[PDB]
Each structure stands twice: as C-alpha cells, then as structure tokens.
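4 protein chains.
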Amino acid sequence: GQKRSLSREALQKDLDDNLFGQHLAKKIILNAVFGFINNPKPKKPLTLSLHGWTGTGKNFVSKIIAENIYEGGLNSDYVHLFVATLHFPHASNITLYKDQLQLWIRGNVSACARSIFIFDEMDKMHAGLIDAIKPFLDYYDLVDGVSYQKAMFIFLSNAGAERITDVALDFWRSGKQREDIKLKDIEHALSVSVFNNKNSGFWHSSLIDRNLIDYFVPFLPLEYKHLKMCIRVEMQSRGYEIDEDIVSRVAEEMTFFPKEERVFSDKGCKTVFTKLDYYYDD
Amino acid sequence: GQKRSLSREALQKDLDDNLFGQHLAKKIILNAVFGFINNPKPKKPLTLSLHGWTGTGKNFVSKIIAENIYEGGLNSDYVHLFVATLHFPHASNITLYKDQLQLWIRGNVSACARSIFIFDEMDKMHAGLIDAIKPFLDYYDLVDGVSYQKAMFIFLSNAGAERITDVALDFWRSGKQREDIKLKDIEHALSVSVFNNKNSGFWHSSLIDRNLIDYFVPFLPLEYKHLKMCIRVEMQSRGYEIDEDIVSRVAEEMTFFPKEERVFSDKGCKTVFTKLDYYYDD
Amino acid sequence: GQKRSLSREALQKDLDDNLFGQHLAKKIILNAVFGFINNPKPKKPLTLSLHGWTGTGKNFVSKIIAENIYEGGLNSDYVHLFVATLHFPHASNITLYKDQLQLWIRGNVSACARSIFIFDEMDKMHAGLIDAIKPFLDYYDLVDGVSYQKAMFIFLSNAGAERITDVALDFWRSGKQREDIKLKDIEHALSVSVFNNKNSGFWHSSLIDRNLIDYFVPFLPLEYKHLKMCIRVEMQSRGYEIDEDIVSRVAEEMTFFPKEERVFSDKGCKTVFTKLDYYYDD
Amino acid sequence: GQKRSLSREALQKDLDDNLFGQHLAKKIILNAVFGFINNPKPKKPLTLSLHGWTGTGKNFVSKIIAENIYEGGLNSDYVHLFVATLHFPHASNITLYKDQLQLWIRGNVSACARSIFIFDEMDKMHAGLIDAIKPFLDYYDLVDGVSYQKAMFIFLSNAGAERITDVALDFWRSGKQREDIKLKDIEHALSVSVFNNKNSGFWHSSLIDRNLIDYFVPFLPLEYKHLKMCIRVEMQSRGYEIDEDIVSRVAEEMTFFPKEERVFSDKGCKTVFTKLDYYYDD
Ligand SMILES: Nc1ncnc2c1ncn2[C@@H]1O[C@H](COP(=O)(O)OP(=O)(O)OP(=O)(O)O)[C@@H](O)[C@H]1O
Ligand SMILES: Nc1ncnc2c1ncn2[C@@H]1O[C@H](COP(=O)(O)OP(=O)(O)OP(=O)(O)O)[C@@H](O)[C@H]1O
Ligand SMILES: Nc1ncnc2c1ncn2[C@@H]1O[C@H](COP(=O)(O)OP(=O)(O)OP(=O)(O)O)[C@@H](O)[C@H]1O
Ligand SMILES: Nc1ncnc2c1ncn2[C@@H]1O[C@H](COP(=O)(O)OP(=O)(O)OP(=O)(O)O)[C@@H](O)[C@H]1O
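Residue numbers (PDB author numbering), protein chains in the order written: chain A, 51 to 332; chain B, 51 to 332; chain Q, 51 to 332; chain O, 51 to 332.
Rather than coming from a laboratory, the hints here were simulated on the basis of the structure.
Don't take every hint at face value.
Where chains are identical, the list cannot tell them apart; a pair therefore holds if satisfied intra-copy or between any two copies.
Unchecked claim - Straight-line distance between alpha carbons at most 25 Å, and here's what the computed DMTMM-like set of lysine to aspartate or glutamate pairs gives: (1) 174 - 66; (2) 317 - 191; (3) 309 - 181; (4) 174 - 149.
Just need the whole structure built from these sequences, with the hints factored in.
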C-alpha cells in the first residue's frame, strides 16, 4: 500500500464496492488523484474542498483513500490530523495556534512530502489561521529549502448545502436523477457561499483570494435507495439476519426532506445501522 | 462482572426483578447494549439521551447497569462522574471547564475505552461545554491516536416532560395503558424540546446538529400501581411488617396529577418509603 | 561443549525440548548461529537485538545457548557479563565507564575471540557509552592488532513492545495464530522505536546509524497455552503431583490482556510456578 | 535451628500457638516457605510484600520465623537489618546509600546465601534506591559470580489499608467472618495501591514493573476477640492474675472502628498489655 502508487483499478474498485451513488465523487477523485499521484511534478500540493450534507461519506472517503495510500490509514505517523475545536478553540491564542501549526507542518512534511493533512469543523475558525498557510500553497518549488507540492491538503465543511439542496430538487423536479445532473453546477453560487463573509465562508473567501483550491466537490443527501443499500449491504455483511419487513421500515419509520415529498434523507448511512438495531428490536 | 460481557438473561432478569413498568426501557436498554457491548466494532460510542419525569429510575437504572458491568458500580475508577453545578457552576470559567473536561476524559479513557461517563442536571449548562466534545463523538476510529467508540456517554434531564404527559393522558384517555402505547411516539416534538432554544433544549439543539444521540428515551410517571409495587416489594423486602391499610393509605393520603382525575404520581418510588415510614407512624 | 562447534541438531533439539512456541526464534537463532559459528570468516561479530515482552525467555534463551557453547554457561571466564545499573548507574562517571568498558573488553577478548558479552536493562544508558564501541563493530579484520569479528554481542530491552502487541491482536483478530504470522513484520516501525529519540530508542538510534545490528528479534506474550505447557511440563518435571483442576486454575485465577478478551498473558512462564505453588495450596 | 530445615509441623505449631487469627498468613507462610526452603533450586530469592494495618504482627511474625530459622533471630550476623529513616533519611545522599547498600548486601550474602534482609518504614524511600536492586531479583543463577536466589527479601508498609478495611466491612456486612473471606481478594486494587504514584506506591510501582514480588499479603485489624486472646493468653502467661472484669474492660474502655459499629480495633495486641496494666490499676 504505502509502497504502491495507486492504480486506477484499485480505487474505482474500492469505491464501486463500498461507495453508494456519488458518481461525481468517483469520477473526480479517481481521475484527479490518479493523475496527481502518478505525476512526479504536480507543481502544487492538492488543495481539495468539501462541503454539503453529512453522512454522505466525507470522513468516510477520506478514511478510505487514507487506507489505500498507507496501511496506517489514520494511524500513520505521516498522516497527522488537526481539528478546529480540539486544538484551536479560541480567538485568544491565535498566534500560538499559527506558530504551532507551521512547526507541526514542517515536522511531518520534513519526514516526507507524501504526508497528508486534513482539517474538520471549519465553521469555527479565524482568518489569521489561513494567513499562515497561503505561502505554503504557492506553486513555488520550495519554501525554506523545502518543497511541499507533493503533499495534499483537504478541507471539510457543510456550508453552501442550501444550493446543492434546491438544485437537487430543481433537476429532480424536472423528472430526473442526479446521475443526469452533471458535475458542472452553479459554481458561481458556490463562490458566493465561499465568498460568504460569514466566518465559515469568509475563511474560504480569503483562501479563494487566488483559487488556491483545486476542485469544489459537494456531496448530496444519500437517497433512500442509498439507505436500502447501506441496510442490505451492511446487515448482510454483519450476519445480522435482516429480511424484507426491516426494509419496509426504512421508510415506514423515518423522516425525509421536505415533508411535502418525503425524499431527501436526514442522515443517509450514518444513523442507519442504529435504527436497524431497532428493527432487530422491531 | 467486570470480566463478564453482559448476557441478555442477566439484564432482563435484573430489570424484571426490580424495575417496575417501563417496558420500553427494558426493550431499548436490553437489546441496545446487548448488541453494543457484544459488538467489537461499535463504530461510535454510545450516545444515550434521557429526559422526562423523576423518580422513574434514571439514576436508578444507570446505577443498576453500572453495577452489572463493574462491581464498582459508581465506585469504579473507570466510572468517573461529572455534574453541572458541583463542577461547572458559572459561565465565567467555561474555558477551564472545557480544558479540565478534555483532560479528565483522556485520562479515564486512556485507562480503558470501556470506562463510562454520565452527566446530570443538564438544565444548567453552556454550549461552549458541548463545543469541546462533538469531535469525540465523531465515528472516527480514533482521535489523537486514541479510540473512544467503545466508551458510553449518557445524559439526563427532565425537559420535554410536558409531551410525555399530555400524550400519556391522550392514549390513557383513549381507554388504554401505556403498555399499549408503543415506543414510537412523537419524536418530532421531542426534537422541538431538543431544538428548544432554551439553554436546556439549546444545548441538545447544538448536539442534535448531527443527531449524535443514539436513542431518545423518556420515562413516565410511575403509576399508583407502581407505588403499590415499591410499597409491597420494598416494605416486605425491609422486614417492615406492612399490611393492607398502609396500602390503602398510598392513595388515601397522596396527591396525584391532575386533580380532576388524580392519576399521575408526583414522585413514584422516590418519596414512597418516607411516607411509608409515616404509615408505620400511621 | 566448549570443544564442540554447535551442530544444528543439538540446538533445534534443545529449543524444541524446552522452548514453548517462538517458532521465529528457533528459525532465526538456529540457522543464524549455525551459519555464523561454522563460518571461520564471519567478517563481523554477531550484533543481536532483542526487545518486546518479558517472561518469553530472553535471559532464558541466552542462558541456554551459553550453556550449549560452554559448560560454564554464565560461569565461564570467557563469558563475562555487564549490566546497566549495577555497573553504570550515573551520567557522572560516563568516561570511567567507557574506559573500564574498553579495557575489560580487550581483556576477555584477548583471552579468546569466542568470548561472549551481553548487556541488560538498556533503558537506562547514555549514548557516550555506545560512542566507545562502534569501532569495535566495524567489519575491520582487526583493531589495535586484534580481531573481534568472532565474538558475539547481544542486547536486551522491552521497548517497542506496543507494536508487537497491536500487531499480535491484528493478525489474531484476523482469525489466525502467530505461527501464521511471518517473521517479516513492520521493521519500519521497529526502526521508529529504534529511532525513538527516547534514551532507550535513542541509544539504539545512534547504534542504528549504520545498522550495526544483524537481526531485530521480538518475542511475544507466552499465550495461555504456553502457561499450560510450562505448568504441565514443569510440575510433571518437578515431581509436583499436579492434576487437572490446577490447570483449570491457570485461567480461572489469572489476569490476561486485554480485559475485553483476556488473551495475552502478563508473565508467561515467569511467575507461573509460584502461582502453581498456590495451587498446591489450592 | 540454624542446622534445621524448617519442617511444616514446627511452623504451623508455632503460629497456631502464638498467632491469633490470620488464617491466611498461616496458609501462605507455611506452605510457601516450606516449599521454598526445602527447594534446593528456588530459581529466585523470596520476594515478599506486606502492607495493611499495624499490630497484627508483621514485625512479630518476621521475628518468629527469624527465630525458627536461626537461633540468633535478629541477633544473627547472617540476619542484617536496614531501615528507611535510620540509615536512608534524605534524598541528598541517595548514591552513597545505593553503593553502601550494594556492598553491605554482597558482604552478608557472600557470607551465606541463606542470609536474610528486611526493610521497614517504606513510605519514606526514593526510587533510585530500588534501581540498585532489581538486577539482584533477576532469576539469574548468578550475578558477579555469585548466586542470590536462596536469600529472602521481605518488605513492610501500611499503604493500601483502605482496601482491606472496606472489604472487611463488605463481607462482614454480608453476615460473615474473614475466615469465610478467601485469600483471593481484589489484587487489582492492590496493584493500584502498588501502582499508586505516591512515593509509597510508586516505589512498589517501579518494583512491580515485573512483579518481582512473589505474594501480596495483607494483614487485618485484630478483632476484639483477638484482643481478648492476647489478654487472656498474655496475662495468664505473665502471672498477672487477670480476672473477668478486666476483660469486660477490653471493650468497656477502648475505641474501635467505625464508631457507628465499634468493631475494628485501633491496635490489636500492640497497646493491649499497657492498657491491661491500667486494668491492674483498674
Ligand atoms: N455513501 C455511503 N455509502 C455507505 N455508507 C456511508 C456513505 N456515506 C456515509 N456512510 C456511513 O455513514 C457514516 C458517516 O460517514 P462520514 O462521517 O464520512 O460522513 P461525514 O460527511 O464525514 O459526516 P460529518 O460531515 O458530520 O463529518 C460512516 O460510518 C459511513 O460508513
Ligand atoms: N421504576 C421504579 N421501581 C422501583 N423503584 C424506583 C423506580 N424508579 C425510581 N425508584 C426509586 O426512586 C428513587 C429515585 O430514583 P432515581 O433517582 O433514579 O430517579 P431520577 O429520575 O434519577 O431522579 P432525578 O431525575 O431527580 O435524578 C430511587 O431510590 C429508586 O430506588
Ligand atoms: N518460552 C518459555 N518456555 C518455558 N519457560 C519460559 C519461557 N520463557 C520464559 N520462561 C521461564 O520464565 C522465566 C523468565 O525468563 P527470562 O528471564 O529469560 O525472560 P526475560 O525476557 O529475560 O525477562 P526480563 O525481560 O524481565 O529479563 C525463566 O525462569 C524461564 O524458565
Ligand atoms: N496476631 C497477634 N497475636 C498476638 N499478639 C500480637 C499479634 N499481632 C501483634 N501482636 C503483638 O503486638 C505487638 C506489635 O506487633 P508488630 O510490631 O509485629 O506489628 P507491626 O505490624 O510490625 O507494627 P508496625 O506495622 O507498626 O511495625 C507485638 O508486641 C506483638 O506481640
């Protein structure tokens, strides 16, 4: 794994095995990294953006590719993780947070440029804490006698969800499935959510000062078909002895969005197996 | 005990011995933990919610299962307890309360992931004090090189009682007992009480930002039958020499709710034995 | 013995008689020395490394081969032993410790190049005390008009145990025994423990500046089968009159690791016979 | 005596004559040494641990067996004694204390391996002063061309008393005597007191790094029956002319623990005879 440059087959295989729907994410991720990781000269690190609705698999997919790259998954000493609240709660110690940030970066990357960093809960940040990293995302071949363009920086959020929602019902109201929705959607309004001078969108506004991001990538509500997928596949994978009635109860005993149609889920495949344990309790 | 994974028989036995009514709680608890504790891969810690009326046995049942798991019950070094007021009175020292919180957590859990935490008196809290724990309730296999998904976090309150009351008289007014009331009841209005921007419900509103809770579980007023149960069973268990007249006085000398029906208790089995000591005084 | 070059049969015989499990150690040791001792031109002394969990037989196996080589075992004037604490407690007298070290070396080896040195308790050392011996582990045919490449230097520790543990439950969690685990395991993480700038791992970091070590060799927790082996074999060897119930009490009256599975021992065959004397006391 | 290997009869006889209660200690000691002293190959010295409450006979029993082994008792040149405070007061001269320790050891043991050492007042020690002796408690057949595995090292303390107390009232509250309490009791919590990073328990924490101890052995409060035993037996042994009223005054004129039950003694048979001299004064 760690001694394997990821071939396309392994990743399309993995996602097609476990990922439900999200054709966009398979296309994007597969071709994007498969070009990137095979490139000995990326010219830049990987600046990925994610937002939308939960339980669609953000930390899921990040975990998966983390496992395919390194056996450590998240256990790898290379793969070192940060969080907003656990590390960076307050606007008091912003400077310490910046210095500690820069140094912990230089440590892990100076171990190897193929190390990976991820952030999470980015609705609770303070733009000084981007002001210490934009130079690291210059396409410069180096900084301080070190190159960073092999590493890969990945973000997470949920803002801008309202656009992917009302668009989802837009085309779906057109007698259509999001398979037929294309990858291109209104990246202008995404730029607004990302220009949105709310601290969530203001953070990424000052980051998008130069589109240091590579690719905006929203996920979508795992439709009740996906519920049934992560009910059948999971409970049959767990020796759970599920049957049909339990999968009548996916929709007989769940709330979807909006009420007036009862379509878009509230969790997808996040709270699915707990409620399925109720359906063991039946 | 501590070297015993709890079999179903032991727990249904215990609850059927000592717990009066609360069929819902026996079903929920028994199957829920019995699936959870036997699961070597829970994918998440146990995020339990409780609210409703007192004296129905919240701290009672938590105590019981604490004893069945570990001989320490609450004496266990693993089982380390926090309280709102005793530890976290003021909105002044919120930050210290968060840091001390995180560290005391990491201590006990780093002793073992099967440690247990409980909170109480959650009507007196401040949402910063959830903002330090939501990452711990990611389904992440780890944080900071440590996994938390085996541990079990349990909360307590009494808000939202009005719904379980007016529903209780709803179906009971229908010529019916809450045995015939099903577990499913209006979890939407429960979400409102849990969305209720009152600090009690606002706390759990920002927690229910992702339904990090597993199962909402209300208790109900221990009906005067339950009084008579925890009068006969207790006083016969205590060598008290109770007789019939003392159990005429359970209702001849007590207030129930509402007045116009005199049905729902005020304490259930909490103040029962003190008033029974009056009936020794007769 | 001392006039015997160790044939393979004698050593595989001895280990297969007395050593329980540790297939890796039989393979490694047997072929390694059997090639080494029979080699009139080793090109280097034997640079052995050991770490892991106790009571698996480090000082046991070193004792055994010491006996097979020379009748003295440890009594041999050739076989002269050093210890961290007994000889080299403080960082004050480091220089005296280095000079005395070099001279005591030159004495014993100048008696014969087939002399043996062992160290122990290597978590309490100071890198100056390797800085006097790395030249002795050049593959040079000589130093100061003397050759050292026939002698054999052996170390001991317990650091890096966490890796052999979590790996042991890794493959064992895979429905598997460590017989099916191969000798190859993650020698990268072993290099980290051996790069671990802790003084224990920093010592061996500056030693592994050139991999002057030959073979990393961890031992593993002597599984409760091995307990029962060194209960039956020992007590039947001691005329102890053991029976079945005493070997019910190996697990009825012992702690294993983790609690949640009760698998990996705490001592293996170290404290076994004392507790068995309790089972005489029964 | 010194030319006598202790037969079982002599020791069970002696303890059954003079020792009051402490069935556990008779079983442990008798079988343990009787197997040990008769063993020509112990494989280790005797690593005994003692803690609990005073006046139950620690220095008493150590004295007794010291007398049975050698006529010198404590007068023997073989039996050479150390104390924390008298010899090892300060953390200033720790090194001198270690060197003097090692040398005085080597002296007495080189006189004979059947020499005995005891320590006392071990709540006032400094872990450097174990760091010089753990090698002596390797099961090695020798060190420095000398074997130590015949000698016997014995410790004393009073920490961890709280566990033997609250357990004593646990089973005693169960309608029961500690005769019916078994030898097995919560050796986990004993390990905590012995892991207790207090210097008293931290000392023995770094010793229990390898369970170099053989057997944990607590004593218990000599119950008022034992008072009356060491009142009748002693005063009748002393020609004191005791009568009944004096043994009404054992409890009419003494404090026990807790107040609310007045059960567990404060001294047992330590201050007993002085207060009995008051009852001569009556
Ligand atoms: N598309 C999917 N197919 C199958 N299972 C999924 C899918 N998406 C999510 N899950 C499951 O749901 C759970 C939640 O996934 P994950 O945490 O990655 O979503 P998320 O967007 O990271 O949530 P949040 O945004 O709150 O961090 C996981 O346990 C995962 O296995
Ligand atoms: N269902 C029941 N059957 C028998 N006894 C009960 C029951 N419920 C409560 N009791 C008794 O009533 C007392 C109160 O129980 P408990 O404190 O668990 O209720 P609670 O909901 O925790 O109260 P609060 O909400 O005020 O903390 C206990 O002493 C318990 O033994
Ligand atoms: N695999 C085994 N089979 C049988 N007996 C064993 C085995 N391993 C250890 N023992 C016994 O356990 C005791 C401890 O062995 P030994 O001291 O060699 O372990 P160790 O790793 O050297 O301990 P430490 O690391 O603390 O020095 C010895 O008396 C030995 O006979
Ligand atoms: N079980 C017993 N039966 C009869 N006499 C006893 C018993 N235990 C103690 N004594 C008497 O009480 C006195 C105190 O005994 P001893 O000093 O051995 O207790 P200790 O635990 O060593 O005290 P400390 O812990 O303070 O050193 C002695 O004089 C002894 O004779």
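Verification of the supplied hints:
no. : hint      : in the structure
1   : 174 - 66  : neither (34 Å within a copy, 47 Å between copies)
2   : 317 - 191 : between (42 Å within a copy, 19 Å between copies)
3   : 309 - 181 : neither (43 Å within a copy, 30 Å between copies)
4   : 174 - 149 : both (19 Å within a copy, 17 Å between copies)
Hint violations for this structure: numbers 1, 3, all remaining hints satisfied.
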